[PDB]
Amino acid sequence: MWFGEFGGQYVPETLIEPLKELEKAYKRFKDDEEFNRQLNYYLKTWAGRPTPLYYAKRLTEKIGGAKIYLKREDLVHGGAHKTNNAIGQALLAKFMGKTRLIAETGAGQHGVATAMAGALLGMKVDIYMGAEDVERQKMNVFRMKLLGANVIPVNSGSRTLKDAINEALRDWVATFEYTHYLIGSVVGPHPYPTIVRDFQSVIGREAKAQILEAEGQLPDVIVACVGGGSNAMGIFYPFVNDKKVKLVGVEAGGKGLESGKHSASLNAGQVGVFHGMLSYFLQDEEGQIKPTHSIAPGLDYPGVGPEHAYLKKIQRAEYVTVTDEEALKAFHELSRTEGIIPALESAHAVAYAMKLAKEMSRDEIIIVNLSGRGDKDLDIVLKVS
């Protein structure tokens, strides 16, 4: 329920029944032999797990400090980590007898992943997406439809990610007998922050195994970008009890923190209650939720997961920011130097890892979670660069 003070389940009474059924089903299926056989079978033969851990030798040499390894979630079916959680939850939904999935999306990547998993298991899929975001993600919207999903543009409020979540929640309240709301990050009311993190943890368990094989030891640092915080919790969580391993989450600095055009909830947001949870949110002087900005469309959620707020508060992980300009420089550098075109979200983690490696010893190890590939971001990079 809670991570320290954060998280919880602060929702109208109409949400209580769906959430308790979900928790009950999850408790029942998460260790069910049959459910796991099927989940691993799809993650293996359809998504292509495990993903490799890649030693970025040229990058490491050029910077001339710590060894930089990349956990290659860009190679997952779909092009991003989102797929791990979409498969997990869609299968859960199927085991509970649901026939339809809904999900919110901002950048379109979780919408695409959800559509994919829906098509895979033969469920109807409706994706709520703010109309401002539908307009900026033309090709992800088209992918979703090719996959047989319907895209419902959300015209209420600020027409953006928070608003799509709101409508998704209203729908679920009416339709949960046959619908599962497939939340895309480690946010929302219990049990979603736990479920999503459980379904992303596969990343860290692979990465731990792979780095022991490659180097005979655990990494000195793991670096991941933080929107809502799923890919970061995914790779962090299996290392939480390893005292040697530093954990660094990188948030969107946008045009700079001072500019007020960014998406850095942990660094510059306030603690508050929204979307059924107590965590950090970016809000105005009136207290209402504030619009975010980043060149990375996936770093758009105006809050962060509670388990991160918790890891911050107990100082188990550190949270930093990287600006638009720095992320873009990193997108280019990784492309030219290692022949890997990263997602612009993931480029934030790369840029921070680049700065940190420089200060570190050649004997030390950084693992960078490469949350996604950059194909989806080409139009954006074309326009700016």
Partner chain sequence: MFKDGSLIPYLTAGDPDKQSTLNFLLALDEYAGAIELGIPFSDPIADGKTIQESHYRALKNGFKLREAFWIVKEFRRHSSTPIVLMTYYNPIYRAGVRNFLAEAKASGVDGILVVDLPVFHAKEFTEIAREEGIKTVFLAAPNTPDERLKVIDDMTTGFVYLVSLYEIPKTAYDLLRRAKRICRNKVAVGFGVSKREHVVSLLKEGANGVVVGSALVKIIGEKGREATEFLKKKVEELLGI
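Whichever C-alpha set is largest while still superposing within 1.5 Å between the two forms counts as the rigid core. Positions refer to the first chain, counted from 1. What changes on going to the form deposited with the partner chain bound:
- When the two forms are superposed on their rigid core between these two forms, the C-alpha shift of 2 Å or more among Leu311, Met129, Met277, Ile235 belongs solely to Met129.
- After superposition on the rigid core, the Cα of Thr194 moves by less than 2 Å between these two forms.
- Relative to the superposed rigid core, the position of the CA of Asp220 differs between these two forms by less than 2 Å.
- In a rigid-core overlay of the protein, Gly256 has its C-alpha displaced by under 2 Å between these two forms.
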Second form
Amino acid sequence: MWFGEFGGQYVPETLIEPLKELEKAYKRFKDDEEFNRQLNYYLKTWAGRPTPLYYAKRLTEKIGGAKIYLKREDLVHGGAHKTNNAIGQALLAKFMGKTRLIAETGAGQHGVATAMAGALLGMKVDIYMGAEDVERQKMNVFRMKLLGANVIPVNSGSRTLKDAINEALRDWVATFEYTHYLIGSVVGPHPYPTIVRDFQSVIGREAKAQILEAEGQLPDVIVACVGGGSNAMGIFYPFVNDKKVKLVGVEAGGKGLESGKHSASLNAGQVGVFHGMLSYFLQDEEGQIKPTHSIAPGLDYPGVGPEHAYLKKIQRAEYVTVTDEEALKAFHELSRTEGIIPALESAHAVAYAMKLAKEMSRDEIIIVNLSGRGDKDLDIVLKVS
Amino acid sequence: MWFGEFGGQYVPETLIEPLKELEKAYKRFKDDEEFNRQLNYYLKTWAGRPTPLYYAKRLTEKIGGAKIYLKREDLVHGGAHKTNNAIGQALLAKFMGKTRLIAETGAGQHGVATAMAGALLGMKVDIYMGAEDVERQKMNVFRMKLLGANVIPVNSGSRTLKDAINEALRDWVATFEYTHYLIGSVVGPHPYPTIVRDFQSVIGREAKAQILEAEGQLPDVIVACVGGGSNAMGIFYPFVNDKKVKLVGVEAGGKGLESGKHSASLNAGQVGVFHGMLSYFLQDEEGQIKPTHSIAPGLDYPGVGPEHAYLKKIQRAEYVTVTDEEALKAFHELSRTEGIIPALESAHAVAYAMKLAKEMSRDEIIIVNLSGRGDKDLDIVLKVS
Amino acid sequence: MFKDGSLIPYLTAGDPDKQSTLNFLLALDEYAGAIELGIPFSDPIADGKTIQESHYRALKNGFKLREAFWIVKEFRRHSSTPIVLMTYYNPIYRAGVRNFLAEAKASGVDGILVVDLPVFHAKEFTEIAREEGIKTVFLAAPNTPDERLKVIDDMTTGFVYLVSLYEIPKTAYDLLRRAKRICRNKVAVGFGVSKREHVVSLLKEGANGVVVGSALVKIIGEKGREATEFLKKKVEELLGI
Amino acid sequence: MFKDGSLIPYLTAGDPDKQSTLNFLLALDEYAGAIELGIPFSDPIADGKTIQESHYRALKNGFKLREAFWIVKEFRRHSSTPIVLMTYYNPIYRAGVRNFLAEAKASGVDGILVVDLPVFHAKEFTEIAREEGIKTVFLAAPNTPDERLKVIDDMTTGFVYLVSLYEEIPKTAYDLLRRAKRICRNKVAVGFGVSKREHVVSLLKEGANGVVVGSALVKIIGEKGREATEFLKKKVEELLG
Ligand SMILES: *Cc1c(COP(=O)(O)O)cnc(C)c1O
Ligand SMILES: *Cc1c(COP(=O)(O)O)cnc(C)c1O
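Same protein, different condition: the form deposited without the partner chain was shown, now please give the form deposited with the partner chain bound.
Now the complete complex, all chains and molecules, led by this one.
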């Protein structure tokens, strides 16, 4: 279960059978002609793939640096790349003969994505969510219910995401025979980190073809934000063997790396073993998980995908950080300049790509992965600003 | 400027010059190769066109009637077909050498669409909105401001849409030299009713090609909701000469045609002359405009496009109505069954298409125009239901 | 159709009520050479805030088309001052061109102006208007080309009504200059007069008539039924008497 | 690594404090054939609510890894009862497999169970464990195939720990025990969530070499805090009859 020294399948024996079986299924369908035929079918007619590669003519000229292109994942049904992975695992679960999907959610984004896919494929969907978050996410909970899923509030412990995750796991161990556990990012034990990446590679593939069609050549840099790392891995992957192409991940710098109020796991964490994987985690002095922060919910995670740790190690990819203030600026800028309101997570990549573009020549090319639309963050922003 | 006996250019002399000039511009660019080249360029890379034609396999089987396809306009950048018209007129305004765009809005949908296009093409955008609506639309106003447009609250009169419209008109008459007035639907004086239709014909064109590719033949029926009638006209038009194809418009039946709480202008209004056009309006016993209602904001209009009046007249299209309750049911149904949350306006078409499908054979074909996503209506729904 | 140098008042029928309108008319009659009476419409187009609001007031208090004709007919029992009816096309369309024009003539109306009916679309209207004994009034704006100006004049049997795009704008005087230099008909100007100097300067520049509407309806909006006295005071100020 | 028919208590080190844990151990020692001591982790995985909460308590009160070893070492001054350390891999990884196992042995620890370290991934661990004089404890669940069961047994030098998928003991749990006894060479301890005397009896009767009691106890430690000592004995007493 490995990406260099990272990855693994570090979980209690009770989770081994379900995992082992998932590995088998993924192997037989990973390349099954019929499976992919359907996967592409839904991705196309339901999700809206492909997404366009947009040239921010006005923004690039305002900076006077390199050319800036945006992979518009903000246009997929649902408003975020998360939908790619949801459809994939839900379809796989269906082929496995499962009838129920379960997942947990904090902000509610993964919850909704899962709910939609379940509805599309006609599966029962139970979503675990900390009672704390249930209160905070009025509209997302309603959205999930509208989609036919039933959100199960967990009140044990801190009544937050962590408590919901455990409820989900317990559930799966007992019902894995007919229930699939839908992980939302390239994290967790094998085979998730890699399965999720595979279901997101479409992004990179499309972008490659697209940039060649527009510029007749591969890009100089590819910038994507990194929470768990699934949208970044999805667009990076297809370019991993194209040495010319520079890959840059942007983690949440929150209120400054020098303030403990961030989530830069790769840019400040130590390797460790949590959530079933050996990767980088923002740890305590005693090997305990530290609290994290970020204005962008999807970036607020103490860990990171094993595959990113591996890319950082072998130095195939460079990881940086951007502050809440910077991301917030990019949020407004993209809105006023290109008429596209980005998700706060994406705004981080936009922000870094902007300053990075300024230090390059007018003939260079940067592709930024706009992972989602910012409709979901209006309240967050409207409040602070 | 006429569609049969309907249409016209009924406006004060002060509006004639701006209108006459707009007619000229539209003529020289309507088919200018460069103009369309750019129009398609933005429609593709920025708006996300084309949109897919989705087959609601599960919904059609649940009904056991004809096959139901959905034109996913809910996926265009912005979440509604309105974006097609916004980009078109804004681009035309730019080619005309204008530098400012102005428009008025009630719910805020047209306001936002205009704001986005203006931002994309780099134009000043001033949006008129009744102070009443400004209070009611917290999030949309914020959206418009984020996009760089400045929303001008009007407090004169009832502080509603009507009062905002007059403010916009007065503005245009004085600044039309460098300012373009962006109308949101196939209504108003010539050349708007037809210009807007032209900028929405893409919907029908795409859908035609798409249904042929999927079924090898044209559809038996096309169903679309009708407020002003721009999304309906956009998908209808390309099929107007295909006699096999039945066209059906769905107006807001609100709380029942027998309760005065609706907006079925074509299914209950008398011809008259308002807002610069000769068409059907829900009139008073004394030829005055009556109050209208509908759970779907975009359907709450006392009038209707001249071209629809014309189609109704020559009986080329059939117009029906659906109640708030019915539309609301379709809203939930589509969500649970296909994993697609529709806009309340669209839900009307979905609702009628559903009952219409039941009375047809399993080999027949219905295409429903899903004009927009329902994210915007969660509060409305969440409240009542 | 009115004596040169005449001051022409404008009032919205039914603001605040049909009786009050008749009262205002009678009170101003002596200072006017002609009167413009407006028929309340639900959707005025770029009619100007002050006037636009009077329309809403009138309709809110339940105004009805016949009440307009009533005011005119009742006013006719005392005066013969020319009355020009100003309305949007819908009411006359909804009732039948000839039918409307007929009832108007019978009520004692002299001229009519259909605000939202283009010159090039009023061929049949001006035709029935003649046959019904109603004089036609068409308006022109600064942005109106000398070409249409002629056509407007050629169809006007009452008087051309000049209005400004919004101190009287330089643009408005230019309209008047061209108008006098092109029209055979008398020209009335509605440039938003508010002080004596305007009336004087405009007449001086060739305006056959000077319309005063906003200045008056603004008072009718502030004083309601009790506007009579204040209206006279204002009219007197404008006439310089 | 414990006498057959032994009752094995489970406690989370540092809940509510390092001292209290030592006290609870000493108080229960006489009824136990072996003791399982858990090292607090920030992210337990499907560890079960009652135990899961004890972890949070321990860490909230500022628990630290050395304090675990301290409790074991201090306990060794009075008893020799086998002590099995239960921890997640991170702490031992962060410190070095051999280094951790060494300190553990030195503190008086007899066996260890790494909760989140798969059997097929513990080859090197079991190897260094032997060389450091620490017995290995691996667990198996109802969903564990007879195939892996064997492999688990083949790597266990302490005893196989059977746990249930989720207070009548599940039929599924007994089936695991049945297969286990019928397949394993090692002694088998069961943690099926015993809460009443009948469970202990029935389980031993079915071939359970040892019966673990954790939830029933930590639940009390959660309700009585530092004052749990007496209630713990009373409960243990009930379970042994
Ligand atoms: C959740 C989210 C992310 C971050 O997660 P990754 O797994 O790192 O991709 C980024 N962008 C959007 C729009 C998201 O919703
Ligand atoms: C505004 C709106 C409508 C109604 O307007 P038309 O001009 O009749 O198309 C319909 N659907 C959606 C999604 C809308 O936003």
